[PDB]
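Shown here is one chain on its own, the form solved without the named molecule, set out as structure tokens.
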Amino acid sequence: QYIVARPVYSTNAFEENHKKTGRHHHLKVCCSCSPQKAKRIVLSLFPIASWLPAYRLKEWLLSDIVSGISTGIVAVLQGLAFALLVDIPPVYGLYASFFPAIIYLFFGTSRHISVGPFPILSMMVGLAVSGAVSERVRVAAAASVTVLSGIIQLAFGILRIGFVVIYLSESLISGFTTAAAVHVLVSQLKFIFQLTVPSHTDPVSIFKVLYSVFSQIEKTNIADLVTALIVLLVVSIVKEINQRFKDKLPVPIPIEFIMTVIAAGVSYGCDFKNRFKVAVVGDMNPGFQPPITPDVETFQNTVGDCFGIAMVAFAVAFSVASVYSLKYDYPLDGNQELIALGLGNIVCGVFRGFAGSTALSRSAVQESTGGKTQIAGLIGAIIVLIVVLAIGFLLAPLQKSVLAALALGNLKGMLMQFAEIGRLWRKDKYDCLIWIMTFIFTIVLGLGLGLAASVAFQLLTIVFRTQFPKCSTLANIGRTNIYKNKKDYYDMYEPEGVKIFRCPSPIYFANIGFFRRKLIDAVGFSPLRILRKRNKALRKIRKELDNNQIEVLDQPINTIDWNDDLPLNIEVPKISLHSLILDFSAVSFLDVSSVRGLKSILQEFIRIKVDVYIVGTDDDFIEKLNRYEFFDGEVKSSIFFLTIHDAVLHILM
């Protein structure tokens, strides 16, 4: 059974019978050079010196040839299809899937990540250029939003503050990216229907596009729509074949290559360019561009949106890479992800590309084909190299909506997150409000400002959880040490005069007005009204008054018991209370707005000659109240006890 025979401990009669350890509680141990300290700094800022000299060549090379080619053809056709969401020339989407792939080979700490562009940052870059102009003024201003968002990411992995991704819950991540998969689905209607839409901008940007597209819906094309519904149907159902047959199917079907060759083959020979009037990708010039210096007139007016691109490029890079970090069991450094993607978006921004990070629909192509290391991300950048230099004379008959339909086949994973009202409403109803208020703020205020006002509302639902706590009143079940809520069981014996209270929440500025109101409700009387009625009855003994003298009615009584008949017609109220336990077990923290309100209600309750105890606090909660100066000659330190049946056994003896 359960037998205890210890004496009654009062947390100051416990720290004298049982001595503490008295153990000692920065700028010398860290700022100190050592031959064993700078070894693991250089091999942690440059981690290619930790997987390249240990490379299993017989086992990992042939899996990294066939999985670097299979993500090379995906990186080309996704690269051209994301340069159109920014409305720059399409060759600038192959300078953004090659230059971050070389830099992340050296400084990168993840091993199953294919780095390039991805459609949530082809719009946040695409909406920042329209907010920095007001194609030569858009190429040179999309490659200066990249350098600004690569300096902010580099100056966050140097200050070692790469724990910012914990401020984004899964309801805020599955609410933002579901609303970002509608902005992608809407802004890819300029290229399927072949309509000339102006570049909209500020708030409510999706309904400005839907008003401009559907006002020209009689001017669409039939040779540009039946080839974006044949492509959208086949590459969806063949991708349905692959994820249904992940077994019994080695090296699954590359539908993103064999559909383009059909579509670029039919457009050269049936002459879709001059028979119909369909837009095609132009003739790209073979070769790179000279580097450019970013201008300050682009930095000044879009400094508020490169704090949005720099915290979206990392929150996708740390959500995707942590999927393969718990699957293949290797440690992942969250600050090396900020340096290797701060240097990727500076080199690719200087060399005229645009911003980007890892894509979930491309990293799963590298991971499922058999990519073991980031050598499959190097050979996935030799094929983007040979397309730029050598074979760029192909992909000119590509029909500019085969590209705009391949980027709509990837929106199955990000639009099936709508079945979270069907789950979070039945479960939480606070994290179903963060899903709704993120889907509304993003689709109205835009992508960039829909994350500032959604994180700030996500922090209002920690205050809403602990604003009106369920304050209780406890009682004893079975003459033992079990103290549970009084309105729940049957034989609960609460003793004579004792009134156990319980606040199951941390007490702070949003919580002390409710705890003080509920304590004087669940005790029967207010303690300040009965101090003033006693002092009025004491002044009548020694014998009303105006203002500035009511301050003497709240003084402590200095002389009777105030419970029997007073010898004149005096009607001061009586109380049966003579103790008040407080269960501070579930209280996590106090602050200076809650200590000054708790000290106020312990001082009223003591001057009525009601002994107030506080019960359940650990070692750190009492050692912090020594620093608020909570204790004085009235509120002693012998009011703290250990457990509830410890304090009640002290009252009855």
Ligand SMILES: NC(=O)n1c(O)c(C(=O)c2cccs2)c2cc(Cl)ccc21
Second form
Protein chains: 2
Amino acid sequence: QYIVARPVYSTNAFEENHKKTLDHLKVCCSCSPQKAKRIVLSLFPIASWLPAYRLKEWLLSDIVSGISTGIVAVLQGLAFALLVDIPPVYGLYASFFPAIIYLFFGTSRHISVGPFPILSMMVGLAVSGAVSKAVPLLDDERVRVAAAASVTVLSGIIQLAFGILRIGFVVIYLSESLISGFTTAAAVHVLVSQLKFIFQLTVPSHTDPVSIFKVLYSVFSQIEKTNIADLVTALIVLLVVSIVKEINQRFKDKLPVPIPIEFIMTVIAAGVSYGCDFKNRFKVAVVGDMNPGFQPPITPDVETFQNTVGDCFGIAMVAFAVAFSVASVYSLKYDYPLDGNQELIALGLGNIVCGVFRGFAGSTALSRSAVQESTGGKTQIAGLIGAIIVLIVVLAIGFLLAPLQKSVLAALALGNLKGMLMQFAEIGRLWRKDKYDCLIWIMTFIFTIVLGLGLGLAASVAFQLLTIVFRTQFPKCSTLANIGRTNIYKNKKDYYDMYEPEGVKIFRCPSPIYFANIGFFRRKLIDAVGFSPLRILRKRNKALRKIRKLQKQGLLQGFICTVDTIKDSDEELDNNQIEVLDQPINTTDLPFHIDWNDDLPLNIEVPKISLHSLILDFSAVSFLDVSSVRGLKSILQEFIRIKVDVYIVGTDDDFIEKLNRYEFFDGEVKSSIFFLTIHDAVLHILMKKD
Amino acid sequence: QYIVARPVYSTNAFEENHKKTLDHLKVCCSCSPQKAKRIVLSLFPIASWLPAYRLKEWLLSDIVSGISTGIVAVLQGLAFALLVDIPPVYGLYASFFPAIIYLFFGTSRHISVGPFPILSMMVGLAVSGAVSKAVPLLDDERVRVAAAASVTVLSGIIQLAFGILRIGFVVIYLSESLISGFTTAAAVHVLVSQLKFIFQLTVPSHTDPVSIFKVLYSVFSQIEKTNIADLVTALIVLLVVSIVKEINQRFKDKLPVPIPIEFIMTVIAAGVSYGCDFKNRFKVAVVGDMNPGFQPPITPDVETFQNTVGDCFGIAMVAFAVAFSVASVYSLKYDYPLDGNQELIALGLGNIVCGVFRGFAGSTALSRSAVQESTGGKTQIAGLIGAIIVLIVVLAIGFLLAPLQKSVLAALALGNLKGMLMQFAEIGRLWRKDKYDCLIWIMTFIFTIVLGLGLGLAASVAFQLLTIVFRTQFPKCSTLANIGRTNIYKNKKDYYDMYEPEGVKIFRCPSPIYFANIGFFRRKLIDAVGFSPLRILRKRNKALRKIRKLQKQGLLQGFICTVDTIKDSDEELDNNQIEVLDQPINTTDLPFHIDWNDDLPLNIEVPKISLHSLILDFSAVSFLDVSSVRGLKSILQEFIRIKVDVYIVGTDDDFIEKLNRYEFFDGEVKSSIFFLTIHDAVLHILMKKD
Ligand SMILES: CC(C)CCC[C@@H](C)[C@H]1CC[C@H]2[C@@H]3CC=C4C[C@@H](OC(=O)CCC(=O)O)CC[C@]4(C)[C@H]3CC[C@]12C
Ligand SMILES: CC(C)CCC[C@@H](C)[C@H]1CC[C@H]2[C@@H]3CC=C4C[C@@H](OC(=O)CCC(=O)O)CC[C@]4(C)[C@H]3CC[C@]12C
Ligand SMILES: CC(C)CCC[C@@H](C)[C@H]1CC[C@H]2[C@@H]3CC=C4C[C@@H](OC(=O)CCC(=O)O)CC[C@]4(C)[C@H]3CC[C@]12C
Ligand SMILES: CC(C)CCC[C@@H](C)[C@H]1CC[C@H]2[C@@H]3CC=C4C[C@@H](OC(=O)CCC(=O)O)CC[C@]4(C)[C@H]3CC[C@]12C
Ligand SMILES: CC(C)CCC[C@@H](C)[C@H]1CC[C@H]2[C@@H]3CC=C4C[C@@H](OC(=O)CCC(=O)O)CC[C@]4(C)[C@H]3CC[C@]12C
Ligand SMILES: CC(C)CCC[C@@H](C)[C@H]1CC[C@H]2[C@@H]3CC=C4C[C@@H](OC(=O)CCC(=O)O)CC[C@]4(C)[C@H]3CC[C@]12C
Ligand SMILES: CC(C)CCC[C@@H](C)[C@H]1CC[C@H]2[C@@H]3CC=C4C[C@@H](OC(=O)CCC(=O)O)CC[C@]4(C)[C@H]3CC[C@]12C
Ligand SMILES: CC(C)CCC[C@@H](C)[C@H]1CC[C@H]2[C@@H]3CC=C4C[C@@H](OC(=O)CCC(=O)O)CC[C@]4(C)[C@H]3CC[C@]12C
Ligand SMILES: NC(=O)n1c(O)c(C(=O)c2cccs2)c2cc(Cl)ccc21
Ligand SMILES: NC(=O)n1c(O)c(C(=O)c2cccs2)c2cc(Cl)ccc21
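Please supply the corresponding structure for the form solved in complex with the named molecule (the preceding block corresponds to the form solved without the named molecule).
Time for the whole complex; same chain goes first.
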């Protein structure tokens, strides 16, 4: 049973009966020989797991996973190089250099970095913006490569500058409702942007607010020019891949290393396209012969930095958020301490080295990481084998992809959109849960469809921040009362036999009071008390001025009258003199001790007040700002001058220690109004009144 | 003394011992004859105070205040029409039509609407943007008037659309730190923009990111062309007005209706400029003769709506925020119910009627409202007399301002910048108070100086919203303990003789848990408990799998061994099989009842745990979202499967009623874990353990 027999404490009788107990530059600038061995081995993390490498139980699994992710990285390299309007050889450069740099500088053991379609589509939008903003067949796709490389270099520089300044916690402003709303709209963007390769149409590059319908108009105005031999091949590839992926999602009994339908269908499509001369019989958009070898490095152009300095921030944000959210899943499994700041440095170095050698930007993909982890990827040596496969495709076997339809690539990339399109079926899962994150989802989807991918992310983040203000805009403030003659105080409109003491009003605001809900708090407090205290103070001051005017006239003196009725000379105060009606009342010059409650002398009318104390339950108020401290001080000054005691209960110690440095406590609003709980304020009032 | 002898309640034993107690379209669509008389008399509020008009005590004071504000409105009309590059006659139209419309449609009794310099400067920027974006001496200032009228019409339409949709609470996103940071930067903008009239220079219109230094470069590159006869006159006017304003701020004894130095200095300057032929002796920039009469109305141009649709939103926001913050001061005095939604409708109608008749936009000014209220303005009839004065200046006495220097106007408008420039001396008043609103002030000032007035307001609002996330990003989570063997639980690192029970950990997070602080909450909870529970669950599952493998081999059977030492066959789990290490443990198929704490059989190693229950004090957690509910459910599922009881205390009723519709409670995380306070959870643990 709950038995308590303590005295009544009031936060100053408690702090005197139980006694309590440069700034950062001398702990962060101490050059020690034990700290450099931590800093270097956390900056260059290949010296930490490569000596501690269990060879005999990991090498074969890493080799198998490396081959099985290198084939997928080759097939996804020259398929994401079509979302950018560059030749498809520049997609193989994008999946080789970051996989080499992340081997030396990365912390995650299970992701395989390369390109992934949302970031390559954002790069494809930014390069068309840089082309359309620059001052003055093969000469068009030269400046596309030369500007995509510079967009990649600038995004890597931004990511490296994030990683050096140790701001790796920027992923927490990217809640999963915003990610789930951005991802389906990016999937719709991919599905629309890959229509011009299935139908084999010619679409000009659009870079504007809404461009998901400009591409739709430019495609659907020339449906009569659709190559049937490309559409039939893309439809045949698309329904086989979905059926075999459905079979691979089910049927997982006696089935190790599930059947790769993408590689098999690509081999079959390339063999058919070579054997029957599909470039000459029909007229298809075949992937031409790539130059065997790498390209010499280019200097990044300066005039395209100043044109796309806004899009590279969004590219860096998306490339860090995706590569953190994917890697944290495999970090919760296997229990390794993934470091957020080193990921930005590794991805920035990988993107810089990729952009110097004419690649394009990218981070890890969810499907390639799932292929690398599901087939037994133990460490990042599988990424090295996956990069060696792309190296041997670039150097030697480049002619084997020369009879590739370029519509089977767009059909394969439309294959695994079902993972990002099923999240449409969660709005109903969010409508019956919060109705604020459903709003965040809907507004993120609308802003990403309409305002593109660069501006839509910033607009959805700015709305996600406004949602938190919407949550605490109109709090459900209530009035409390006692249940069962004990220390249980709950809401008055809930239980039956609640007892409320005489002249005590316990008020509770269940939200942190800041600038958007201080006026609402004041209005709700005035409506719950029953009067405005400034109105009663002004009427009391008017009555006191009339009383002392009658005393100066020689009528009053307790307070006996001479005549029964006087004239009702309502001396109204003009401007620049009405501010004396807000002054505190002093009755030291009078012999009587008026209380403004029983009655007054002749034709003096003052509204009555039954209160003598109110209690503010501030147990849920988390913080205050200058506007709340100013408004709260203005409220308590009206409540104290009206002879009503105020108590603020339920606060802990650093709340009072923060309120000390707000110039809150003066000779009127003393520091002895803070009590511990609600019940020892009611007990203090009851032991003070009698 | 505090004596309590209640039983121990657990939010389900409490709700069964004390029994408790279309949606809005049928209360908002009820056409009643008593509701129309409220709606019309709140929409057309001149029918409410004009019959209730105490004539014999208000008429003379309203006439005096009307004359004294009409002179100031005339002198401020054709001085704010120089911040826009229009002829000065179009400033007298801006202070006449809104004062007539606000008489019929306004609620405040003490503001005098007209132009005010921040909004006219924003109009002057937007009109230059509309000129510089339009496709193709007197022909330049024709399109300035024709585009400023359309910017005014669009801003009035936006304000009227705000007032009809009843969103009049948008001023609460405009905290006083943001207003105080925006106002001084607007004052610096006014002081720089009025330099070309003192020196009498020719400056082209700049409309861009940063333009406070483009005007400074265009002025200070041609200092050698400064008219000395204008600079000397502006300096003579400027130091007299400041001295007499200092004398008027002090010396307020036997001094009614303080001496207007602006009208006297304007009369003296005009008389000197006429008597000595200042347009011919020197070569000054005198205010030319205005056409006597109004202008016929124009249709607003459509092509300039689409160019400045972004700036008109900022003009409407500033025009509502200033006219609300000024009117609320005189609404707190005199006690009248000012309505926020009617102010938007009245200002929108005033701006529309002003923009049709070739005026420009505006709301009330602080100085004109102070002049109208301080001289005895009782109602809005003083605004009507102030408009009649502007009418008689436009119609008849227009030649009296024709010898006006146009540098004395810029010198007068630099006079009362001291009210908006002294707020520089509050950063030190905000540095020792919060250091978040000092940051809001500094970032608002920097964004308004750099990004102009239109974009700077939006950027400072977007940073003000981010400040609230910065306040609750890293909360100061703590561990509590008991003081003095009673129901007082406070922070463990504060007091000396705090007692903590055996195996109980009371944890407290003093912030609402949302998406930005759920990972920090999980990391702080794991660091305060002392272990990760998923690690102990995985090691317990590995040990249990080894135990049952030894049982299948025929060695174990309580739990006696056969041999002393076995081989250390560490059967490590591959991928797609390691997720069985997170499953709950069941020991129903074993005869023994292992507890994972004392010891285990041969070479089995499990980490020990001293906990058996932890308590989460959620009294300060105001709300949750889907990310917090998901992460909290994931935390409690690890803590329950490890055989550690969890209790969540300090929550009130609608917190549990909200958590019901989150799919939070299942067969594992039952609803019986919620307790009332901290002490009756500790008492429940102590009465359950023995
Ligand atoms: C939820 C909503 C309110 C958020 C804000 C949406 C706006 C950002 C969208 C909605 C309508 C859009 C406009 C709809 C149509 C057009 C015409 C379009 O014209 C062309 O592409 C050229 C046509 C030609 O040259 O003939 C240019 C973009 C624009 C202005 C769009 C710009 C982006 C707008 C303003
Ligand atoms: C806000 C969401 C929910 C709906 C979006 C509706 C509109 C904003 C969209 C739908 C149809 C779109 C239009 C569809 C086709 C075109 C043609 C397109 O191409 C041209 O005009 C090329 C030049 C020419 O041929 O004249 C320019 C964009 C435009 C006007 C689009 C502008 C944006 C529009 C009006
Ligand atoms: C804290 C985050 C938001 C990054 C820091 C702010 C950036 C958004 C700013 C700071 C430096 C700025 C740059 C400073 C100088 C220039 C050169 C300038 O070159 C010109 O040709 C001038 C005329 C013009 O293009 O407007 C173009 C803008 C640019 C790249 C600016 C683009 C915007 C930048 C990158
Ligand atoms: C958000 C924070 C952590 C980012 C910190 C880094 C940025 C402040 C720097 C990194 C690289 C900088 C860029 C490096 C080079 C240039 C080119 C420079 O071009 C010129 O001056 C034009 C010269 C010419 O046209 O001849 C304009 C600034 C800009 C875009 C810089 C803008 C500022 C950037 C993005
Ligand atoms: C606190 C800071 C980081 C906030 C972001 C600041 C930017 C929005 C500012 C800082 C530097 C500014 C730039 C500094 C100089 C110029 C050159 C200026 O050039 C001209 O006016 C034309 C010159 C010519 O024609 O010769 C155009 C604006 C611009 C790009 C400014 C645009 C606005 C910028 C990028
Ligand atoms: C961010 C805050 C704290 C400091 C701001 C520093 C810069 C962003 C400012 C200071 C000096 C400014 C410059 C001062 C003078 C000019 C000349 C001005 O006029 C012309 O160039 C006209 C055409 C010509 O004559 O070439 C254009 C803006 C510019 C470059 C300004 C651009 C913005 C600058 C670099
Ligand atoms: C909820 C708040 C933020 C207001 C609602 C959204 C507005 C910001 C949008 C909705 C309608 C939009 C307008 C819809 C159509 C047009 C015509 C369009 O005309 C053109 O010549 C098209 C090409 C172009 O200028 O880009 C110019 C943009 C404009 C005015 C748009 C400007 C932006 C507007 C006002
Ligand atoms: C924030 C919410 C509450 C505002 C609600 C009102 C707006 C949605 C409306 C009110 C007036 C509208 C404007 C009225 C007229 C026009 C002109 C119109 O011009 C054309 O279509 C061009 C025709 C041509 O060039 O021939 C473009 C949209 C625009 C700016 C409209 C944009 C949308 C506005 C601002
Ligand atoms: N598992 C696997 O081998 N693959 C995929 O999952 C692919 C996708 O459709 C992706 C959509 C978003 C990221 S990947 C894919 C595409 C090609 Cl061209 C070759 C192989 C592929
Ligand atoms: N009280 C008064 O009569 N006046 C002022 O206060 C003036 C200002 O400087 C203002 C600065 C911001 C708003 S007003 C002012 C200017 C002129 Cl041209 C004529 C009279 C004036």
